[PDB]
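One chain comes next, on its own, written as structure tokens: the form solved without the ligand.
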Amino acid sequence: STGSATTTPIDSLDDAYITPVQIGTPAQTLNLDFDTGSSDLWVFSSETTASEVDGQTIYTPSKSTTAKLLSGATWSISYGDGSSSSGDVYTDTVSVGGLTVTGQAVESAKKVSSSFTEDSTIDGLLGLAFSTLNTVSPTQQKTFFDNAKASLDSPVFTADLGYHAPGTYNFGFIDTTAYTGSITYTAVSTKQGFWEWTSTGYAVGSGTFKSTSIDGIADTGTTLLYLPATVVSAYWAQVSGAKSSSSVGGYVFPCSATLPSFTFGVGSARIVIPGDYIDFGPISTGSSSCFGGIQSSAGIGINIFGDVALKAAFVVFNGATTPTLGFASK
């Protein structure tokens, strides 16, 4: 089997991408944030505290003839940005882009933190990291991809995120018309539960490529590119007037600047992030101080190849027995 679904930016900055997902019978379509940095499929629901729902579409398990409570199961998750959610668990039929999984754990939120409530465009998350990170207790549950894998034509999914435009998530096949050149594949470590890999270096603008190993994760659920302070300083030093501000929370630069590109290495290959992808626009409405798309990871503990980086590529998440990541230009 295969599936193919369009993913759409939630706003004009590409802060996140939503993908429609069919849950239950008859189908309830919710728009979920596909997140290769986590491993829970959770939704706003008829069980969510009413004051914490503000415009989201909810899953109502009592209206689904295929829903079943997963007795005793609870979940609770905290994300790197400080947001969180928790609740109980149903199994139900879940379909993405024509690919159907029966018996998928659908984690129904009883509580969500304010950042979720305040984002009316995201009805939940669909985790695509390794199932060892799933938070369901006392019996850990599998991701949608793990449940689908055996049925797929090939045990892969691909992320093709757009710049200020829709893109595609495909399951079970590699669309050879969706990228240019070849795909260069790189080894993955699953030791932390992430799609963790080692970039071979970077260049700033037209500058020389610096060969240096940068371990990090491919995370579609993180907006920006978080890299070591040395690398980030080298980038922003090429932008007149750019500076790091603790009170704003990262590197800001003049909205009148033209940003240089940023290149990252994948083996001997190179992925070029255009400068315009690094502009996250005014810090506040009307401000001439623009918020940078490349930020330091020094306070995170891990480097993160988020959407800024991934949307410059066609990315293969290869879930074979020995997993690998693939990157192509497009």
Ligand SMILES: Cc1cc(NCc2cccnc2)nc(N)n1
The other form holds:
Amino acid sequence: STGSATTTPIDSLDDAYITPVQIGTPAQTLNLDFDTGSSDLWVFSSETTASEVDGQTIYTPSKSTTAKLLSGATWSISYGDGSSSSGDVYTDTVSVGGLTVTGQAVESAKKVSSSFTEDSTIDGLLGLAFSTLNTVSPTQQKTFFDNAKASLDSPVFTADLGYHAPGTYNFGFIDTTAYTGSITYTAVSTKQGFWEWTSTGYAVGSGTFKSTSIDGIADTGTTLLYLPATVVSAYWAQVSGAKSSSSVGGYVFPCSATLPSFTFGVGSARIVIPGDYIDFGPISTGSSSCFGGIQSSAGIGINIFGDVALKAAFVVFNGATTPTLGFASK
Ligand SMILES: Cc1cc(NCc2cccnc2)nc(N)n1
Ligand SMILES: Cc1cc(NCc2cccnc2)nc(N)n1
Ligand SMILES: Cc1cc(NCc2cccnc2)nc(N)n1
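Compare with the form solved without the ligand: the form deposited with the ligand bound:
Following is the full complex, with the preceding chain placed first.
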């Protein structure tokens, strides 16, 4: 089997991406944020505290003939940014892009943080990191990809995020029309439950490539590119008037600037992030200070190749017995 679904940025600056997912029978379609940095599939629901719902579509298990309470099960997740949610669990039929999983754990939110509530376009999360990070207790649950894997033509999914445009998530096949050149595969460590890999270095604009190992994760859930402070300083030093602002919490640049590209290594290959991709717009409406897309990881504890980096590539998440990542230009 395979599946193919379009993923659409929620706003004009690609602050996040949503992908329609069918849950239940008859289908309830919710727009979920596909997250390769977490492992829970959770949704706004008929159980979510009413004051914490502001425009999201909700899952109503009582309206699904295939829903079953996973009795006793609970979940609770705190993401790096201090965003949180928690609740109980149902199993139901979930379909993404024509690929169906029966008995998928669908984690129903009872509580969500204000950040989730205000994000009216995002009805929940679909985690695609390793199932060892799933937060369901007392019986940990599998991701949609782990449940689908045995049925797929190839045990892979691919992320093809657009710049200011829709893109695609495919499951079970590699669309050889979706990229240019060849895919360069690189080793993954699953020790922390993430798609963790080592980049071979970076360049700023037209500058020389610096060969240096940068461990990090491939995380569609994260909007920006978080790298060591040395790398990030080297980037923003090439932008007149860029600075790190404690008041904003990281790098801002003049909205009159033209940003340089950023290149990252994947083995002997190179992925170029155009400068435009690193411009996340005014820090407040009308401001002439714009929010940088490359930020320091130093206050995180991990480097994160988030959407700013991933959208520059066709990315293969190979879930073979020995997982690997693949990157191609596009
Ligand atoms: C899931 C998601 C991410 C995101 N990132 C950009 C962001 C983060 C914090 C402050 N200002 C902008 N923005 C939204 N709306 N949803
Ligand atoms: C995948 C994902 C979504 C999310 N949504 C909440 C949110 C955060 C920032 C701005 N607006 C909303 N928070 C996180 N950490 N990951
Ligand atoms: C994405 C983005 C927006 C922006 N807005 C500020 C602006 C520009 C032009 C006219 N009036 C206001 N500046 C930049 N550089 N990038």
